[PDB]
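**Student:** These are the residues of each chain, in order.
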Amino acid sequence: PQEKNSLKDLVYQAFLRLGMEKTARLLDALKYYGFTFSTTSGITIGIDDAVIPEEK
Amino acid sequence: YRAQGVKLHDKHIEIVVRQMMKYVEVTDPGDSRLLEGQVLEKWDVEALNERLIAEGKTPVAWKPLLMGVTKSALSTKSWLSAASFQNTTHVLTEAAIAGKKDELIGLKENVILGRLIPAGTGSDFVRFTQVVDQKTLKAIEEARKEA
Amino acid sequence: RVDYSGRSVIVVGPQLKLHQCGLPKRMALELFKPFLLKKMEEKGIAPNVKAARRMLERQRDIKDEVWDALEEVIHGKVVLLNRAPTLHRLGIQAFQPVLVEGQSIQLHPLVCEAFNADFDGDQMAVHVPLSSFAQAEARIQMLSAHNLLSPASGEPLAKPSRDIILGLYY
Amino acid sequence: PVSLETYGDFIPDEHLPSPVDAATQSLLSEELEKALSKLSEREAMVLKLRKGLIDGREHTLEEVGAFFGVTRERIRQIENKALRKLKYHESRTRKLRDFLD
Amino acid sequence: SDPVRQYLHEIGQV
Amino acid sequence: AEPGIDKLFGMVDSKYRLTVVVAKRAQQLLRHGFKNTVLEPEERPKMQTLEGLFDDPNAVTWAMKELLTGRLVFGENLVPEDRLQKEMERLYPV
Amino acid sequence: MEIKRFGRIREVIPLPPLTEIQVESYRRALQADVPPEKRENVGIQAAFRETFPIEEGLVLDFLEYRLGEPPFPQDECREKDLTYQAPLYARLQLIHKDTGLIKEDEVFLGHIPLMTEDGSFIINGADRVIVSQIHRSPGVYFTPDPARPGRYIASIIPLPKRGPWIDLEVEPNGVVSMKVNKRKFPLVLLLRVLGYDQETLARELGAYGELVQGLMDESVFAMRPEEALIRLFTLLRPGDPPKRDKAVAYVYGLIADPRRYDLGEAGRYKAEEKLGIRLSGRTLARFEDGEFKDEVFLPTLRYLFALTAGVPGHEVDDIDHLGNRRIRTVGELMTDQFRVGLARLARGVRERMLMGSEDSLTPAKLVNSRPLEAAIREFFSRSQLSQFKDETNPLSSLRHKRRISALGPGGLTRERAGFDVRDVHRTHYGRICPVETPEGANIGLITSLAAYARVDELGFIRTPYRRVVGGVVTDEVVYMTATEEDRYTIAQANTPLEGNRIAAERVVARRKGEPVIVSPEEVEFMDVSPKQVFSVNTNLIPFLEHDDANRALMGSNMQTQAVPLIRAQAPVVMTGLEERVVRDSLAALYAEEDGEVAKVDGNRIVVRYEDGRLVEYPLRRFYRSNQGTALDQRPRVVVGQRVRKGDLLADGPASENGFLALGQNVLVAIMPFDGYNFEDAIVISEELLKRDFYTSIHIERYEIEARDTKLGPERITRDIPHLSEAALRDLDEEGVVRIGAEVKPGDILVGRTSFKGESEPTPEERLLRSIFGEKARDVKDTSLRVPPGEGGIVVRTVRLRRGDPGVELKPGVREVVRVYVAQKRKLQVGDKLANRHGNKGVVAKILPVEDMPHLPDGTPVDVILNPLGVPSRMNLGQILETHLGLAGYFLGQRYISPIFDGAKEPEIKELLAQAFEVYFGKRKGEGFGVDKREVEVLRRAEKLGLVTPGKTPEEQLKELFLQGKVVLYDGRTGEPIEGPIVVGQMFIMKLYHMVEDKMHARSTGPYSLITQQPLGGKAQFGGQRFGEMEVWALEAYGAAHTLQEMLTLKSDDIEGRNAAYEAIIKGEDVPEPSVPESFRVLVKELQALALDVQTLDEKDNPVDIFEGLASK
Amino acid sequence: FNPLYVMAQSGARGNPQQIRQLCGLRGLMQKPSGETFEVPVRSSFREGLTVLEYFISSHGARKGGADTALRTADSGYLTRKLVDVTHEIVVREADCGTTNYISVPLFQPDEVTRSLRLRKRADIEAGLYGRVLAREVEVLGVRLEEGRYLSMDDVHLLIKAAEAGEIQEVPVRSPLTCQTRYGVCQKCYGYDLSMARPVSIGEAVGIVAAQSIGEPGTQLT
Amino acid sequence: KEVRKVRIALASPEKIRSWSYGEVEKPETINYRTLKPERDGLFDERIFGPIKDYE
DNA sequence: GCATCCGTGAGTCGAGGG
DNA sequence: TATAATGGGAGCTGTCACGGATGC
RNA sequence: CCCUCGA
Ligand SMILES: [Mg+2]
Ligand SMILES: [Zn+2]
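Chains as they are written, first to last, in UniProt numbering: chain A, 905 to 960; chain B, 1356 to 1502; chain C, 622 to 791; chain D, 314 to 319, 329 to 423; chain E, 78 to 91; chain F, 2 to 95; chain G, 1 to 56, 63 to 1118; chain H, 1017 to 1237; chain I, 3 to 57.
FYI, nobody ran anything at the bench for these hints, they're computed from the structure. Hints are supplied without guarantee of correctness; some may be wrong.
[What the hints assert, rightly or not] Using 20 Å as the maximum straight-line C-alpha spacing, the simulated SDA-like pairs for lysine to any residue come out as follows:
#  : chain 1 : residue 1 : chain 2 : residue 2
1  : F       : 87        : B       : 1494
2  : G       : 605       : G       : 650
3  : B       : 1455      : G       : 1104
4  : G       : 1072      : F       : 59
5  : H       : 1136      : H       : 1180
6  : G       : 167       : G       : 444
7  : F       : 66        : C       : 697
8  : H       : 1079      : G       : 444
9  : F       : 25        : G       : 1075
10 : G       : 249       : G       : 263
11 : G       : 1004      : C       : 671
12 : G       : 716       : G       : 764
13 : A       : 912       : H       : 1168
14 : F       : 25        : G       : 1073
15 : C       : 671       : D       : 421
16 : A       : 908       : H       : 1035
[Unchecked claim] Here are some chain D residues the structure puts well away from chain C; computed CB gaps all over 10 Å:
#  : residue
17 : 318
18 : 332
19 : 333
20 : 346
21 : 361
22 : 388
23 : 411
Idealized CB from N, CA, C, for every residue including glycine.
Model the full assembly from the supplied sequences, consistent with the hints where possible.
**Tutor:** Right, dumping it as structure tokens:
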């Protein structure tokens, strides 16, 4: 799964391999699709989302 | 910095430390005009020692001197930089007494005078570069070719 | 303190490209005012400069063609955006301005972390490089999309943030 | 009087000309020369001497008339006809109207 | 240190 | 990003030399009214007005694109300064 | 709508009058209601008793004082920019000792500011607040020596500027040293001066081994008290002649003179309690029968030796303990500056007694009131504890009046205040709120008084507790100091109670702040309420126990920045304080007695009381506050309505039916939205502007003066040269803009002409003049115009003319004109919103209603908050508020959830089920079944573990609804959000930080006099400051020409900036920059220091940057 | 796919400790004296604290706030000091031509003093990445030549060789050894960390160093 | 010429008098009714230059 | 060679008010 | 322009680190 | 400059 570190390494490797112009284009693409998919994802915070484990 | 998860390159710290080691104290004056205990720059004493060795004279014995960042800042050659940093009164009295000249080597000095800094596009390395199109270049070439 | 400068509240600019920032119309009109006068004289909007300045003085005297003239003025040019405090050099960055309605400056998301800028009410200052030399320095050296890695570490500085990460991970 | 150190950061300088004012005076001198070029050299020079755009001061009709070697009535008539041609050209092109504030 | 104390002493000399 | 910025940084031994070249060339283009341009009429940078496409007024855009065409010569001590000025005034009146 | 309240804790006592810390303090200080013979020796009476009598006519003595009526009412003082004050008369009598002649008269000493009914002051027309100070209480303290372990420092501290701090130390050589005014000398000498003998000191202090021997010096006991006194005077005053009466006077003034040295009444009390002695006066010693008599020193040294030896019953002191820190309220500070001005008046009185006719002298001839007036004026204008009142909303003023500062005159200096002063002490419990405090440099230095806390007569903060005898909780409540509190075991307010008896065998309590589990038999006292732990603002945060203290701080603070809205509403989730906050702020209007309402108007409400009398209450309408927010009272009753005592007659600003209304209740969906709520940004529905939610009224004041000059008078006139009728359209006959006109930037508010300065016309001006044949007019246009970015409707004009009744202005000014402009502000992009839980954000996007996420029934949400703010900020109160707000949205009700006592999760779940029945059974009766998108969402939530598999769609939807989540459809698509989303009602406020005030830009403008650099400030049309760090930034980019532009062409290169502007308007490139002017200023200011600064070339030959103009 | 879990794992928001305060127990707290209280808050923010728990936590919250406030000013003072020492340092030439260098170690002594063990990857990167080799290095059949700018792959290969025991320390050109006057040369400085390539002559390296050291000054706890 | 250096040194009384365009003999600033510089004062136009351009 | 007093420092921008 | 008149009066405190001279 | 308030 893509997360902070893997996306950071993607940006660095894209810089090294394809130049800062293409890396800026990739940054904007990741921005667009990330925002879009975060919207429809269903991410929210309800009080029941802080799950007290019984183990406690 | 590592403890707080801050990734920072060694070479910056090395720049700073290099400036902290910038000075030396004379252990023996040799054949020079220097005095025992006189503090000066390592570069200056090395140039003086190469001049005395090239003259067949006795070189100056010196000792490395580690001073903190503030003291190394205040002890710099530029009196403009030091006076604008702090202890302005002390800097200015000693500089006026010594009749000191600021060569405008660093950034602060040229910033005060409002000049173009000696860095980046202001670097003498890149700032004298010329640009010409091939038409004008060939016309100037013919002008040189006729004479 | 300095001329050809302004400031305002910042607002997230998700639609912006990395090299762009949203500049309010009135701010841009004031910051670029001499260029706008000269362009108004180049076209038929005013006979001379003084008439154009007296025309821009009162807000009710401002018509629609002056905004198109201002758009022509700012074409290809960049402004400097700066957020206080300025801890490293990325506290100032260069952006092609996009004229927007409203009074807020629009900031691209990926540069926020560099500026340490969020949207709980931060404000930013705008500066206009004047000479061809200043604008060339800003566009080549100080452009946002030309500074993608940290000069302190070398790791990517403009990179996906929490909102972007949340979607791609999902 | 009161102290500037209780303050002076709010106190502007009304003495030196603003860049807008200096640019306005520059364009004014340039446009006056543009309109004076539409006259002959003698009548333009008479206007400049009589309004003081040469040595800084205004010469009388006797001084300008003895400069060009002519009667004071003649030099006053030259000034009048130059002013008249200027008024005609200005009514035509409407270039110098904006500078009148 | 204090100029008026010093002048008062000098005055108290005579 | 500026178009082809990576190739431009490849051209020079220091990025600041690129900046100086671009700014000087843009000043040349401003001074001589873009009559010295090495760009063919189809290579001219354009701007979309309300009416239609016109020339790009930005001389630095022009300068960078010209630089990319390989048709500009840059370096130090290419020609005396006043000689360059006078020859450019000769070929392209101001 | 129905208000359901939760909580099982019944508060025994209500909140005390929240402004009493101001009102009662100043009332005690003035004693204006007390007949003079009954006045106590406290207050300004005390200052009179200290100053007078004045001796060496020979004697001028004080009889009594009186305060007269104010010359002008409060509103009129605000109007004419006067001070609300009362004249102070003092009856004095001059007595000649020899003659016996007695001439008595009442002399006028000037005025004194009167405190308003709400606890503020009116100074020069501006409302101001005197903030209480916190400081180390006077007394005798003992602290550990940081350098020497096992050794201790004794410290005798009087009131501020009431005498020096004295230190007693045991030196390494054994002798006990005293330090006053930074002078170390053996204490034995002073002990001899006090009249002590080696016998008495040996019998008193001998019980401590090896210590009293450092006190034994034979050379000191070899001289009588007079010789030792002159010795001490030679030690303390080098060079000063050691005369006998001079030494007696000096030492008496240093120790025994009450007119000079004064421990507090609190200082005396603490000294008596610590040292176990009794003080006759408030000094350290006395002058009795020609000799000095000891009060404090010997018990202090005894306690010091005892603490050093380790003998029991002697302990070190916590100087941050709230038993050793007291509060100087407004009355005490005003009385201090009053004493100062009175002492200056006394110096003037003696000076006037030396000079002039000795036989003929009256009190009026001796007293010059001016220095006292000046002292009081300096206090109420330029003191650090005298602050511009915050009237943004009523809670702003209330909190401002309840503030406590550690800075100020005699207080701490910043950056010398470490962690200890800013820490919250265990004794802060119940007294000083632990959350309400500023972020940044002022943290822990500015604090707030707790809700139930009170300041006693000695100045200590006391908190209430309930008596518990044998496990029975009484209704007897006792207010304690921290010193008293540390003596008891005090149970928590949530302790289970059946009737008045403790029902738990294990009880949570505190012993000296330490938490401990304890039997009911052990419980001495019990807390009154959780409310007593926090301030007023912190008590307004529901679900506070679910919020991390930092975001709690943020919401608590930001509540005072809430703008009063035209349609402002009280929160649907309240804490129960919202009514008392309105009542105690004097925001709204209430019925004085029972009666019937006779008349109702947007202006006045006339009420007939049970007495038959007819009282008419006028309503403050659209008044401009200190921060420009609108203050207007709206009538809330109708004609003929029967009202009882305390019922609401009219609603004040930011008040809804007597409930505090700082914002709007909006429908909220917690979800990201295409990056527009990225990093705390907020997205709002355009509907909010359609129904005028978050719309506020703001009034701005503009002011102009016409004055007499040497070149002729300024005058306000409609005749303005070179201006059309279009520009003069809305000006009336006199040159003042008409009421009701709309003004835009550049419009003239007041026309004014001023005679031109003496003008030598440049030759271009003369030629152009002769060309257009027009005489240059004598005057020029100085009219007051609307600044950039401002404007609105003119609601008021005030004109004050010289030569007119009741109007006398400053010397030289002919008249003053004030124009009031009101504007209606809709919520716009860049404005600041916040909730009570610390969630703050700027409005980044306003969506059309069709773009908003919406409920299946077609109801769109109002604002979209990004959930990413919640986890790291750890403030869950907003979540629970949202859940309960959804419930109250569909049940049509509001809730009162007291802090730590509020609604629990199961009760919110019950209410949410009741709401789900309304939200869904309505649909199922309307003839509609489950939607397909709802089924898809239910499958996703079934995968998410939110609903139980196998249940019907209605059961799973109810399961989600009980978790607070609903199905949401994207307005642009119609496709649902893949997951269920938390949606509910939330209380959000519009903060005072609005982009309309903050947007500014400048091309060129005014420059400073000496620096020739752009001015600062938006009002002056200033430029942004490019500081040291921005220069560092440009240097690090290596952008030399941009930097040089910042340093020359845009700031202080006159030639450069003029050439740049001209080149740009010509269409050319900007020219090479010149030398910045402030560097020439540096060269010249260095020359005035006798320092030659030379700019040289590479050949070391001078270069002149002044271009020859400075050389002869 | 719990929201808190997703956000914490992805790196969008949150860390295990804030999540623990939300779901688990709030934890232990400090007295004003830095001393720790014996009994911790057993409650979460989900469950709600008692007024005594809340008041106890207020100590640490206020202490941290005052810490941050008093910290910003000292960090800024330090940054300005650094800017003042280093500001004259610029890249003024390509190579000063010194034979001197430093040796970055890949191993550090164990605290047990038992043996030497491999340094942490991030630290090796911070000391090696973007530098220039002062000597030839032959490891794992790879030639890293003198004068070579070490890329990140070069650093990782050097780490592999260290793990294989082929190299214990790396010779490298450094500003400490640069003989350039008034500044630093291109080879001794190495990469421009922003562009992942050799540094351009004229780069104001001292200001960059001062800002790099200063900026995370307010994070130092 | 171009400035390449900046020097600072002590100023001799003769150097100070060489700078000076006149001695200020009076502690006067401006006349109370005319608001113009007093003769031989701190603001004297005879010493420090004219108040108005070329007048 | 070791204590003690004296001078100098102690983040930025922005707003508002007096 | 003349009785004689002859040594002032505000004080004010909860920081810390460094250099430097000053005093056992 | 002081206070307060933003970042
Ligand atoms: Mg922020
Ligand atoms: Zn080198």
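**Student:** A separate judgement is required for each hint: does it hold in the structure or not?
**Tutor:** Now the hints, each set against the structure:
1. 87/F - 1494/B: It holds: about 11 Å lies between the C-alpha atoms, which stays within 20 Å.
2. 605/G - 650/G: holds, 16 Å
3. 1455/B - 1104/G: Holds, at about 15 Å.
4. 1072/G - 59/F: Holds, because 16 Å separates the two Cα atoms, which is no more than 20 Å.
5. 1136/H - 1180/H: holds, 16 Å
6. 167/G - 444/G: Measuring from Cα to Cα gives roughly 29 Å; hence the hint is violated.
7. 66/F - 697/C: Between residue 66/F and residue 697/C the Cα gap is close to 13 Å, so the pair holds against 20 Å.
8. 1079/H - 444/G: holds, 13 Å
9. 25/F - 1075/G: holds, 11 Å
10. 249/G - 263/G: Answer holds: residue 249/G to residue 263/G is near 19 Å, not above 20 Å.
11. 1004/G - 671/C: Roughly 29 Å separates the two Cα atoms, so the pair is violated.
12. 716/G - 764/G: holds, 11 Å
13. 912/A - 1168/H: holds, 14 Å
14. 25/F - 1073/G: holds, 17 Å
15. 671/C - 421/D: Roughly 8 Å between the alpha carbons, so the hint for residue 671/C and residue 421/D holds.
16. 908/A - 1035/H: With a Cα-Cα distance of about 18 Å, the restraint between residue 908/A and residue 1035/H holds, given a limit of 20 Å.
17. 318: Since the minimum Cβ distance to chain C is about 19 Å, residue 318/D lies beyond 10 Å and the statement holds.
18. 332: Residue 332/D clear of chain C: closest Cβ-Cβ about 13 Å, beyond 10 Å.
19. 333: holds, 14 Å
20. 346: violated, 6 Å
21. 361: holds, 21 Å
22. 388: Its Cβ never comes within 10 Å of chain C, the nearest being 39 Å, so this holds.
23. 411: holds, 15 Å
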